[PDB]
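Here you get one chain, nothing else, as structure tokens; it is the form deposited in one PDB entry.
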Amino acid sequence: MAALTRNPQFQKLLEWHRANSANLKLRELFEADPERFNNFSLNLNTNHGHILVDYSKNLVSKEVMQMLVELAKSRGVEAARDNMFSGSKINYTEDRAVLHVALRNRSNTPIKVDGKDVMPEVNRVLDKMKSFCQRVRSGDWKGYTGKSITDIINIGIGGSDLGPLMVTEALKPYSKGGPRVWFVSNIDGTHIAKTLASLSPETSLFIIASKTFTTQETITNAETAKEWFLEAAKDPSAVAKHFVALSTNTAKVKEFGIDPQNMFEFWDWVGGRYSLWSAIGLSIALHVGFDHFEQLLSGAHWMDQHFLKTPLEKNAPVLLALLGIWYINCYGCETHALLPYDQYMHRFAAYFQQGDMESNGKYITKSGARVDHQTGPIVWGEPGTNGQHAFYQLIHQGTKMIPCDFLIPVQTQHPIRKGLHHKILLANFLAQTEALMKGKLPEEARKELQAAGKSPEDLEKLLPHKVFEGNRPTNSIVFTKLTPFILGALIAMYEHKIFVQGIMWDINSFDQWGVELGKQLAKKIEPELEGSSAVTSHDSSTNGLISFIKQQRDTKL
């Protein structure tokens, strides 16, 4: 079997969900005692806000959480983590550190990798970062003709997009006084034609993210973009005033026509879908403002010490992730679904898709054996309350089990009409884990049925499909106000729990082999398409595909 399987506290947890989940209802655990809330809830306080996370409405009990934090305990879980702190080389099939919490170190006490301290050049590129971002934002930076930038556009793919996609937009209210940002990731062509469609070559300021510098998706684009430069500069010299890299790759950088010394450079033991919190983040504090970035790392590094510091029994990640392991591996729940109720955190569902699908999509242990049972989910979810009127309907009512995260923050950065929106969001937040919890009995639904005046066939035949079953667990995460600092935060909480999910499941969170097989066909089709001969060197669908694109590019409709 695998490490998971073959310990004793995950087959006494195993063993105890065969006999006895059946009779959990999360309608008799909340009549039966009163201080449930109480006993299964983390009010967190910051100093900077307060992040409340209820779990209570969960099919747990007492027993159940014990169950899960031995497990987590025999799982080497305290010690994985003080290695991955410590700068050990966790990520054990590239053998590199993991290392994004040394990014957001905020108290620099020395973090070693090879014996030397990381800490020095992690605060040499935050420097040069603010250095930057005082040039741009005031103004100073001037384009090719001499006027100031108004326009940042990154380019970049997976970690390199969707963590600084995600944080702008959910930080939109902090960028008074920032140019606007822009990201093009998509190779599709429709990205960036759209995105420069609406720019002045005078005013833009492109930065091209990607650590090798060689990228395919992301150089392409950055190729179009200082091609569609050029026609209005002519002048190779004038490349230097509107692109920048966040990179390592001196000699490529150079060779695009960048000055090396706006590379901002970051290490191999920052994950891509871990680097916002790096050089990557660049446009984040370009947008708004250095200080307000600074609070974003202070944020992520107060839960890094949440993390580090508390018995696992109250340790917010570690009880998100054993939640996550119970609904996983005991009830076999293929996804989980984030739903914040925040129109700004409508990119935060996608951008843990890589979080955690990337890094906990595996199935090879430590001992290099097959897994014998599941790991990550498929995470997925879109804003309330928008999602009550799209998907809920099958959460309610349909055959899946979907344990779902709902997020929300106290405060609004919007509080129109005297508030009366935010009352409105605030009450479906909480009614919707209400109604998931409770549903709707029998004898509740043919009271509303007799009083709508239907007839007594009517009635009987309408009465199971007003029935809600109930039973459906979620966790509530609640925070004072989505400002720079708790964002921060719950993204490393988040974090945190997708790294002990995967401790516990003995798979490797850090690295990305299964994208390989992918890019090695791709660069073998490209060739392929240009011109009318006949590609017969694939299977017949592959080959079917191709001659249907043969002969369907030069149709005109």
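For clarity, a rigid core is taken as the largest C-alpha set superposing within 1.5 Å between two forms. Numbering follows the first chain given and starts at 1. What changes on going to the form deposited in another entry:
- Put simply, after the core is superposed between the two forms, 252 is the one residue in 252, 347, 366, 96 with a Cα shift of at least 2 angstroms.
Moving from the form deposited in one PDB entry to the form deposited in another entry:
We keep it simple here and write out only the one chain, dropping partners and molecules.
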């Protein structure tokens, strides 16, 4: 077996679920206990806004929460957390520290890796970012024709793309005085082509973002950008005015031809999917200003301290993690929906697809044993209220159990029509979780059908279609306003949720060996596509698809 399934607290939880989970009905839990909301929610005061984590609409009792907390303790969560924060090499397959918390360590308390405090270098790079942001935003940094920069283009993929994109989207109201920001990520030539079509080489600055600086998509895109730039500038020395790099790989950055002073460094203990807090966040700092970037870091730091100091039973990321374990390992739910009622947060779910799924989509434990249980869920979602008119039909009346996190700011960035739109948004946010919990009883639906003037025959037939079974669990995460600080806290909260789940599953949340095979096979196929010769080196499907490509690529439509 595996560490989790051999754990007696887990076995107790699973046995309790088998015997008792059918007795858990949300409607009944609330009716029996008027203090339920009070006892199953956390109202966090950050001193820069409140974050309410309301987990009361979950299929849990006091006893279940107790069993879950006991499991976190007996799986070593507290010790593992302390090991992360102290610079222990908890990324055990790669023998690396895991120190995204150092990037936003506003206290500047020493954090050592190999006996050396990492904070001076973290702060050196942050200082460099601040100076660069001043130069660019002020207009002092000139392009090759002497004009101020108006557009920033981040080129990167995965962890070097999703964070900066999601955060600049979420913090758009804070971007006054900043350059426009663009994100090129896909190797698909459409991406860079459509981006470059709208830009001038005179006023565009490219940020080449890559931890390794060897990712094929990013380097190829970067080289395409450089070719486009040099077509207009016709001067290799002008590249230094229009290209900067964010990387750990000094040598590869030099090889590409980027100025050493134009390199913003980070470290191997910064995972790509945990990197927006580092040099990788340069496009964020350029767009919304360095002050707002520091606020983002500070919010994350607040949540780091919350995670570090708080007893597990009232520790927000721990509780979210534990509810997830309950649904994944006891109920068997494959997915987790993230439903932000905020258009600015439209890339939040996509971000946590990498954050969660690349971290915990794993099957080998620390001992080398294969898991004999589920690990990370499939994360998905779209902003409310849009989702209500897309897929909530299935959440309400399908055959799947889907834990959902509903998120919303109390205060909107755009209080148009004296707050009318936000009133409606909030009402929908509240009503949907209420609806998911309560459902609609046959007696309720029957009266509605009767009042609608339905015949006895029509009523009979329609009735079951109009019933909502309910008992569908949700979290509601409500916060004062989506400021840089609060966004930072929210992202950090989910980072630590993911960490806790990984520890409980005994997996490594911080490596990504599962991307290797696809990369290897793509390197083999690339040269085979050129020319007219038949490819026979693969299975018949791969060969057949290549044959189709070669036959169809010259056809004129």
